[PDB]
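There are 10 protein chains.
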Amino acid sequence: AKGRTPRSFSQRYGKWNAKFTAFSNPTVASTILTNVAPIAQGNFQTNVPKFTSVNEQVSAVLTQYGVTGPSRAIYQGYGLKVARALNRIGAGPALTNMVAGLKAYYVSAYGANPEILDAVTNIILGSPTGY
Amino acid sequence: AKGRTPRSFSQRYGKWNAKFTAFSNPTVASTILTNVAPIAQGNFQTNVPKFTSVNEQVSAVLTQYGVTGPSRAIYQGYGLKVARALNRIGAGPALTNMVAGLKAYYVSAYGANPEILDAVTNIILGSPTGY
Amino acid sequence: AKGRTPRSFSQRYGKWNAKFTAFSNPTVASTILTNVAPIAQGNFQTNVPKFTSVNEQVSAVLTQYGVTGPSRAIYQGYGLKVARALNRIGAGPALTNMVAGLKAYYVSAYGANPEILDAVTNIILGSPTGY
Amino acid sequence: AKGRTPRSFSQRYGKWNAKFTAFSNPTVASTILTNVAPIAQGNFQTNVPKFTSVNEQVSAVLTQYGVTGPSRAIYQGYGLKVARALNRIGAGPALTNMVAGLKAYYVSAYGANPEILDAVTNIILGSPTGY
Amino acid sequence: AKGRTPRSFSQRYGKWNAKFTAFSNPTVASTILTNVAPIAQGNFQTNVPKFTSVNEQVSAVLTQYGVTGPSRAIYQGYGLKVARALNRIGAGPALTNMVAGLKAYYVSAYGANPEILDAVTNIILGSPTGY
Amino acid sequence: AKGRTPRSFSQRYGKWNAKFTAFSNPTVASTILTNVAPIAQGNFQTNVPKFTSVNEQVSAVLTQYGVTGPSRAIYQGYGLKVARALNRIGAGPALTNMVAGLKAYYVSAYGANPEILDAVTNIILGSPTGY
Amino acid sequence: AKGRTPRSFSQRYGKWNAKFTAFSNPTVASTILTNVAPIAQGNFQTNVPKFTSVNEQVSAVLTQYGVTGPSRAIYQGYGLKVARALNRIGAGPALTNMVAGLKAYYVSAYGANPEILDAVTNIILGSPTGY
Amino acid sequence: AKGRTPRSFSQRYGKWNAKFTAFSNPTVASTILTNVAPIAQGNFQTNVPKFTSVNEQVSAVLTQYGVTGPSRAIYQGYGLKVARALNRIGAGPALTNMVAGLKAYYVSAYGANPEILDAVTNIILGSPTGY
Amino acid sequence: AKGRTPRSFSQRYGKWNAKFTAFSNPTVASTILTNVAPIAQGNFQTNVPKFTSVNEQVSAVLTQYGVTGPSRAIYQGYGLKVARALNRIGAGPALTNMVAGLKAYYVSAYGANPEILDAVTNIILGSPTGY
Amino acid sequence: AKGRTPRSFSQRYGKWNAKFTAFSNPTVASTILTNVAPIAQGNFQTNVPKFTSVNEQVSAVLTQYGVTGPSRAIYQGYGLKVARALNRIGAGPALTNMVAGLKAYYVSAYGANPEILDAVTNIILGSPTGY
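First to last, the protein sequences are chains K, k, M, m, o, O, R, r, P and p. Just so we're aligned, residue 2 is where the first sequence starts under the deposited numbering, counting upward by one. Just so we're aligned, residue 2 is where the second sequence starts under the deposited numbering, counting upward by one. Just so we're aligned, residue 2 is where the third sequence starts under the deposited numbering, counting upward by one. Just so we're aligned, residue 2 is where the fourth sequence starts under the deposited numbering, counting upward by one. Just so we're aligned, residue 2 is where the fifth sequence starts under the deposited numbering, counting upward by one. Just so we're aligned, residue 2 is where the sixth sequence starts under the deposited numbering, counting upward by one. Just so we're aligned, residue 2 is where the seventh sequence starts under the deposited numbering, counting upward by one. Just so we're aligned, residue 2 is where the eighth sequence starts under the deposited numbering, counting upward by one. Just so we're aligned, residue 2 is where the ninth sequence starts under the deposited numbering, counting upward by one. Just so we're aligned, residue 2 is where the tenth sequence starts under the deposited numbering, counting upward by one.
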């Protein structure tokens, strides 16, 4: 019962502004954040290492291909994207379909190199295709 | 002088946790949010109508094709993605490159229909390719 | 969701000014800095030794070549730049590309001597080219 | 009488730690920042418009050449670098020397396109060489 | 009766440390600085414009000769040195002696260019020799 | 990011005045100075003996040449100058260049005696030229 | 329903005089201007930077070509006109048509130089024709 | 002594804001407007009839050529432009140059018809060229 | 819409008198001036040091040439005029043109000495011609 | 006893700021302006007609030479300049000298036309040379 009726700009803005003005009260924000602190810490500790390690391995791979500067971010980004998929749906044919989709995305929108995308996918999933 | 040295999971977690604990203070959160409220309201008012209108137009287009349920989300998402591109870099060859990249992304990763993607790109940009 | 919409000068100034005013509060600044103090100390302790060593060794090299005064800053700066690259991406073909680019930068913009740049690169990376 | 005797890692660390511990005091930070707020606002207002305008113009130039994603950052960064030089020393032969050095830097280290570098320095300085 | 008897390291250190420990008192420091604030402000206002103007003129001169980076500081420093002399002893034969001595100093110790030193002392004093 | 934009006299005066007014606070000054006290003591103890010994040796040398009164300060100053160089850059060709430059400085600007300058350089470095 | 019936001189004068006499009331003018002050400030802040930047760039271009005095105003005006077009309709074939028409206008009516108009169009739009 | 030193965006905005805030005071606006009312009425009375009559004559001319809707505004605008010129500088060769420039302007930018432009300038000035 | 219609002496005088009478009101003058006070202070602090320094240097140059009395004002005037140009348009060919024009102006109208004009433009701009 | 001692920037600024802060008082400004109103009116009435008539005559001259736009201002200004001389010193050899100096000024610094300057001088003084 959250997205059942259409909400126009006026309604979205009104409700967003009401909730923002409410969260800016000292007691409201303090209470909410102090109560959600341990769960947030647990979620960070559960999820972030899988992505920090991907950062480190993709850095190792990018240094061997001579990629420097902001052009590194491209492949770093792609790697993180793949890791997200592996975290969300697991390994299997769906992950293969998403890896192909992500490679097409990056190659045709951002001019990424298919060879370095294969190298990143190999360091993350074990195979260039990911089977 | 922000992303100059590599940060491991320990350093990221420690700094994120220090900042999250600091922001949970009543005075800190209330002060920051009460100071940034008008700029946030202005940015919302400046940016969201361009996306609410895309929502309504793509809804109208999707009803003409019989798309129902979560399958609508796919195309809605695509539309917003395209709108984001138009908002960020502007109209021109870069926009056509990104539209082609997004079409490849969605068709090959999420099994989207090319005809409905063309119809959505037409209602948003004016032509299926976006020239 | 940080650099997705373009920000004009008035928006940048409004947000920067709101945040500067919020941080000037005694409670906000004291809380944030007292929370991030141990992490800042740890980052300083892990990173700065690598650069104090470079300072010492480039000083030793510059004394043997007769460089005095602000002209030492030139080469000191160059050295630190190279060290930054080594701290960021590691050794390999990428570090080679960046060392060549930095040598071109300094020789063309600041009238540096190629021989002393080779000497600083030799004392830092082990060889003039840096392989 | 600031950089006259050599400082080792332990001396730099001790002094940086002393000053950082002192600034974390509520009264010290509050006083310093509340006193320097108007001058910081004046400096922001004097300087930042020159760079936001460069951002917008280079965005326009980059959309006509088909550059998307983090590849834009490269050229954006280069443009800002050039603007920095024009703000520091002004127009003249020194600016020509630095523009040549910056093009060498970016082309050799980050693999930039010479034509797009020419277009960016043309929208900023008026000429590809910058005379 | 200030520098009449010789002081060894132990005596210099004892007295310097006594005075530094005394000035660290809240009342001592606050009283002394609050009392000397207006006289210090007047001294600053009286003296600094003569050197800000020298900075701007030497910058205009250095851009015409293609000097960039730390190599500018050399000439900038020389300029300020000359301005110091002009402030202290005034124009006349003593100023000529000191200009010759400063040129010898800079050319022999820091590898400065005689032509740019002539241009700098010409923008400051009106003549390359300073007569 | 400290000397990247040009500051005029009004900006320099505004920031200097703000910082001077802030430091005159009892808590600000007392906290900063009490925090930097041990590091300042350590730096004094590390550096000042090398200069008190130079004072003693140059005084011994000057008594053997009949130098009395303010004329002693000249050579004393030169001695300290030379010692500064030795403490900063070390022994080598750069120290030779700086000793030659300082000799030219003193002989041509302050009318010092070349023989006594050679004697002071001998007592400090071990040779008149300093090799 | 504003421009539907023809209005002669006496009707325009009667209505203009009525509205001007009404706005001269203290309460009327005070209320209207106090209510529109924030929106006016916002419109100024969003629009004027784009034109001040044009002023500085065209000033730089005109100094390089030797234009002095009121003859500068000519080209300044032209530049602003071009900028106005880019603000209103955007980049594309319509902006090309408007730029060609504006060049024809100024070269025929005000004796402007075609090559300096090309240089102004180049600093503003990126190209002499502005494609 | 009004346009002698360059004003940046912050200076223009500051002065415009100060003046706009001052004018919204009840007494300031009321006084200024009730003082300038008779002079404004006189200026309106002496100037506007020349343009109302031009509007009527150009309306009559446009109805004879079949121009309807917003396409009328074009020529109406053109006529007023010519009328402004005849009011500012008078009849003569300068008016010939300006009429030629205005025709080139409107024909190249707004796609106006040369025949209807000749008819409008003939009903206004007496001749198609305006001699 | 300020200088579009010609104004005779009666209109200029009537409007000037109305505005002078309005400004003499206590509330009007007080509000306007109190509102524009900080911007005026900032503009004074921004611009006047450049001209105070020029006055001081030109007086220094004039004492060396034996110029006394109101004859000094001539050259001071020239100097200030030159500084004005440098503040307005910048350095470049346009400044060369205006310096030549100012020298011709002063030599032909006021009987100034060409060599002393060379000396003044030398102390201000760097060379007698000003390149 | 007004210009007998040299005044530095801080003295000029302090006195100007004192007088400006004083004049912003309601009573001070009101009293001064209300007292000087009739003298200001008389000075305006005595002087401005001589310059409005010059404006009208020079407009008539410029229209028959084909001068349009901002280029008119040049000659208008020149004319006013000449009229100023005639109002200050009157007719005679000094006026011939100033007319020659003004023609040199305008032709060299602003690229004015000698023939149109002759026509302006002839309509103002009766002869191109002004004898």
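There's no promise every hint is true.
[Stated by the list, open to error] A partial selection of chain r residues facing chain p, derived with a Cβ cut-off under 10 Å:
(1) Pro-39
(2) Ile-40
(3) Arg-89
(4) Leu-96
(5) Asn-98
[Said to hold, decoys possible] Computed beta-carbon distance windows for the label pairs:
(6) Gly-43/m <-> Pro-129/M: 56 to 62 Å
(7) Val-49/K <-> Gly-78/m: 27 to 33 Å
(8) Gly-93/o <-> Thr-130/m: 55 to 61 Å
(9) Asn-44/m <-> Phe-52/M: 39 to 45 Å
Please keep in mind that the hints were generated in silico from the structure rather than gathered at the bench. Where is the CB? At the ideal position from N, CA and C, for every residue including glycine.
A quick look at each hint next to the structure:
no.	hint	verdict
1	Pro-39	17 Å, violated
2	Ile-40	15 Å, violated
3	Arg-89	9 Å, holds
4	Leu-96	7 Å, holds
5	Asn-98	5 Å, holds
6	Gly-43/m <-> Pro-129/M: 56 to 62 Å	47 Å, violated
7	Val-49/K <-> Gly-78/m: 27 to 33 Å	28 Å, holds
8	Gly-93/o <-> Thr-130/m: 55 to 61 Å	47 Å, violated
9	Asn-44/m <-> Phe-52/M: 39 to 45 Å	28 Å, violated
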